[PDB]
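Visitor: The residues making up each chain are set out below.
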Amino acid sequence: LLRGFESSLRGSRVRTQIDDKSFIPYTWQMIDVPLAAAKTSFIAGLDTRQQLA
Amino acid sequence: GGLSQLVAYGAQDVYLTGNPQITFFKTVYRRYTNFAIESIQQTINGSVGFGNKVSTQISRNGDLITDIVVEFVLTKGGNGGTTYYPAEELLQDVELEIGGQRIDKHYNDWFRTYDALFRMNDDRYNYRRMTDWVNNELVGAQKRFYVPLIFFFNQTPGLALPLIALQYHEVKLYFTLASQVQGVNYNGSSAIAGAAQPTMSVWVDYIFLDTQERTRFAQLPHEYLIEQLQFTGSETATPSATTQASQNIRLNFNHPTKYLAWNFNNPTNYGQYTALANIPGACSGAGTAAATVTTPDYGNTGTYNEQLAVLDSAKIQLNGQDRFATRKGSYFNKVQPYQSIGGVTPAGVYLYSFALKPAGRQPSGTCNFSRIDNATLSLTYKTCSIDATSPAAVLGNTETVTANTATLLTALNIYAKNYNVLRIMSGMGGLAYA
Amino acid sequence: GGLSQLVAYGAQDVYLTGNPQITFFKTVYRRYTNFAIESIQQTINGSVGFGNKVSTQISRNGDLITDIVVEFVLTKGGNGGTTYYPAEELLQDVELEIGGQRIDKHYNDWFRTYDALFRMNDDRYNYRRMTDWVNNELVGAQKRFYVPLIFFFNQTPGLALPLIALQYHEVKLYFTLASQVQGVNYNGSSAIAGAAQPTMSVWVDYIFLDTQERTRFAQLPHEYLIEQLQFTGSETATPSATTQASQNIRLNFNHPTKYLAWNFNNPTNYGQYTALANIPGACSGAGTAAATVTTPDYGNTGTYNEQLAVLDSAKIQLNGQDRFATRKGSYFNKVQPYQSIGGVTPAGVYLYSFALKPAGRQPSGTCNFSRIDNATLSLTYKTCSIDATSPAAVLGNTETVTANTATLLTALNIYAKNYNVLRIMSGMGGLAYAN
Amino acid sequence: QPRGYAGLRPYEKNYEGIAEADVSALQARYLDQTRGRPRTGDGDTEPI
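Residue numbers (PDB author numbering), protein chains in the order written: chain c6, 115 to 167; chain f0, 3 to 436; chain k6, 3 to 437; chain b6, 289 to 336.
Think of the hints as simulated: they come from the structure by calculation, not from any bench.
Some clues are possibly wrong.
Not the full set, but computed from the structure, chain k6 residues with beta-carbon under 8 angstroms of chain c6 [stated by the list, open to error]:
id, residue
1, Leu-5
2, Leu-8
3, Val-9
4, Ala-13
5, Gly-344
6, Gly-362
7, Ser-387
Here are the computed distance ranges between Cβ atoms for each label pair [stated by the list, open to error]:
id, chain 1, residue 1, chain 2, residue 2, range
8, f0, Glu-40, b6, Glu-308, 45 to 53 angstroms
9, b6, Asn-302, f0, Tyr-34, 42 to 50 angstroms
10, c6, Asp-133, k6, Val-30, 53 to 61 angstroms
11, f0, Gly-102, k6, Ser-372, 40 to 48 angstroms
12, f0, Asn-36, k6, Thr-234, 22 to 30 angstroms
The C-beta atom is built at its ideal place from N, Cα and C for all residues, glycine as well.
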């Protein structure tokens, strides 16, 4: 009780307790939905300046 | 009548009353243990007087202790309006020692800050009636004041200190009495000839337990989750009439902290957290020809008029990263207390909680400073451009400015309240963490 | 931001959040039974008027009852400042009876004492608004006043009286109306010519239960833990300029008691627990040439100015032995309430708790007077030497003295609030203990 | 008929009030005996 008590000594206040772990699992939201992507020939068009007949 | 409502029932009610779990019309009271509570006077060691240090040892009369009230008897050294919570000013500090270990410590300013933030309504009013003269008393009036202590065991029976489980350890209270008390033995810097020395008595309310409960406390180990106060004084980045002072203070704090609290003050006048001004109540004689913006209306030292406060804005930074966006001084004065306490905080007193409900006993979120290298409180001050002797200048002015007399608030008091564990075993106690 | 607090987790966080048990961010509310509430007017037997005794039987319209409010219509017999909680003064007392057995009884003074100790802040103000005129109303003004009752079932749904389970017993309220009410039909001792008699009506708030709960209440036996008020009026060992009077009052109380409460008062001035004085609000005309310290400023009868209180100190003995060290009257006025209630108590009103939190319903320590052969309240009074007509003497004096006009506080009212058990069985009931 | 019964304006079949006995049954006697003398209970029986 008087000597076996844990004190907030050096080594426990190191910055690596925060900087070594990334904040990605605490802020990111679960998606589980696939992302889209489409060809450039789908949004722009077919470029009607081709041949004639 | 009422039947017309009972019949008004359908699917939308199922979530509220289907497969009912409770009623409101039948209470089961819980059988409790057998106990009794007695108020017993402690002996004060040392010599009671202004500026003296005294102490008391808590006698083993009962098994557990809770409330502690320190009585003081003071006589007015001047007329009504010359004092401000003088019994609070008198009890300069109190230190709690268990087994020779320093467990906690309060300061007169904490009692004032604590009150400003956490007491309220008629609790606060009744509280002032016990530490001041509030019925327009005149010089020579004598009153006994009752100053409750606010250590963890002095607030709830849930944390009653089990003296019974501490057979080997003394529990002591060390008190420092102020060298001066306003309106009692001094008036500003002047001494009051003829003022009486205080009479003091410390009362401890002890719980007597029956056999089964007493035995369990005496023999079983315990871990009491308690709160402690941390406090350091700092020099204020003294406000100026020419610019906005700023300050960044690394806080030497530790442990899971439920909240930080702070104030700026004029160390000359107990409880003065705001600037003096010639507006009603803001200075001695305010509102008339005799008004002086160099001395407060002591009986009205505290105020809700934020114009006289000096904090423009603040933030807390942890290890280089902002903990929250910078907010205005009025956030910390009005919103924090609205959200976290439900009381009304005087201008010049600020609070920032890390807890959902910091006013309670149950932990509800803490900031552990034992894992933070650089906990810094960033303070931006208002510009003291207002001529305090002209009420129009004060009452009609802007958000970012204050009184020229605000530069007198040169002391900064920063407090923190945290949780720790008071372990008790085999007749002895002490803290789990330092 | 907040994220840096969540991430920097250490050993000291274990005792707060390790192996977590609860959250704060998702409350599951308990599903309750289906019920509805209604305020139903009762018929009063006997004639209502000043000094009359009337009564009502509570109608069996709903299944359970809780709140009861007595309505009165009073008029002002003088201007603002002449009345003080007149609807409370008017209702001299109320007695609760079940099956012909007394269960409890409250007194106008108790209502004042109760209010003085247990209500607070805007609850207290709102209460005052329901029993007095507080917006400077003038002579001839008429107002309807609501006096909620303070019987055990009038404080919480948890004790709703199961009228439904009392199929064979009547439940009655007996109300005594005061012979006089200050500022309504009398001004001090003088009758007010032309004063109107009060209009009175009693309203009972009933709970209508759905089928399953009604069935259980009607058929099952019940034991409701209730509070009761014990009360005896006493002569005060009135203090004098020449002496510190003292008194030993054997306390004739019984049952597990949560607390004792008492006050000293002027027998002719309702609510006056302190001496009169020529200081603002402390007497009729205070502050001017016309000031008198024989008559109060009735609208300002209550005060926190202890100088005008008369108890120097007190102790309670049990079986002739001290129960606690002798403490100042101001202890019982300011600290006990601070600790046990959390409100502010007016000067002249005192509290001593045997309980951690007597203000609630849950037992938190009691003193069983049915097991204490000789309990005594020992009082020491202040010396009545202050010339009440001189603020210099009244506002600037010592701890042990009071006003010369404090000798007018000759009545002592000692109350005790205790627990008992109300048993309802097979349609009938009564209390478990007489004493 | 175009509008079907919306179910609004309901009622409760066979709603009886709380039973009220007119016989007015006798009051129940207590369970705790009267606290008489606490120290000299049940006489003294003085001798010759």
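Visitor: Tell me if the interface restraint on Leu-8 (chain k6) is satisfied: Cβ within less than 8 angstroms of some Cβ in chain c6.
Guide: 6 angstroms, holds
Visitor: Double-check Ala-13 (chain k6) for me: the hint is only fine if its C-beta lies closer than 8 angstroms to a C-beta in chain c6.
Guide: 6 angstroms, holds
Visitor: The hint says 40 to 48 angstroms between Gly-102 (chain f0) and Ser-372 (chain k6); measuring C-beta to C-beta, is that right?
Guide: Given range 40 to 48 angstroms: holds, Cβ gap about 46 angstroms.
Visitor: Do the numbers back the hint for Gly-362 (chain k6), that is, is its least Cβ distance to chain c6 under 8 angstroms?
Guide: Nearest chain c6 Cβ about 36 angstroms off; hint violated.
Visitor: With a cut-off of 8 angstroms, does the beta carbon of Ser-387 (chain k6) approach a beta carbon of chain c6 closely enough for the hint to hold?
Guide: 57 angstroms, violated
Visitor: Given a hint of 22 to 30 angstroms, does the C-beta separation of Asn-36 (chain f0) and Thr-234 (chain k6) actually sit inside it?
Guide: Given range 22 to 30 angstroms: holds, Cβ gap about 28 angstroms.
Visitor: Identify whether the interface hint at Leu-5 (chain k6) stands, where standing means a beta carbon of chain c6 within less than 8 angstroms of its own.
Guide: 5 angstroms, holds
Visitor: Within 53 to 61 angstroms: is that where the Cβ-Cβ distance between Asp-133 (chain c6) and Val-30 (chain k6) falls?
Guide: Since the Cβ atoms of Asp-133 (chain c6) and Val-30 (chain k6) sit about 38 angstroms apart, the hinted range of 53 to 61 angstroms is violated.
Visitor: Do the numbers back the hint for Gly-344 (chain k6), that is, is its least Cβ distance to chain c6 under 8 angstroms?
Guide: With a closest approach of 35 angstroms, the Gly-344 (chain k6) hint is violated.
Visitor: Please test the hint of 42 to 50 angstroms on the beta carbon pair from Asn-302 (chain b6) and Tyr-34 (chain f0).
Guide: 44 angstroms, holds
Visitor: Tell me if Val-9 (chain k6) is really an interface residue toward chain c6, meaning its C-beta lies closer than 8 angstroms to one of theirs.
Guide: 5 angstroms, holds
Visitor: Could you say whether the range 45 to 53 angstroms given as a hint is met by the Cβ separation of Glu-40 (chain f0) and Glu-308 (chain b6)?
Guide: 50 angstroms, holds
Hint violations for this structure: numbers 5, 6, 7, 10, all remaining hints satisfied.
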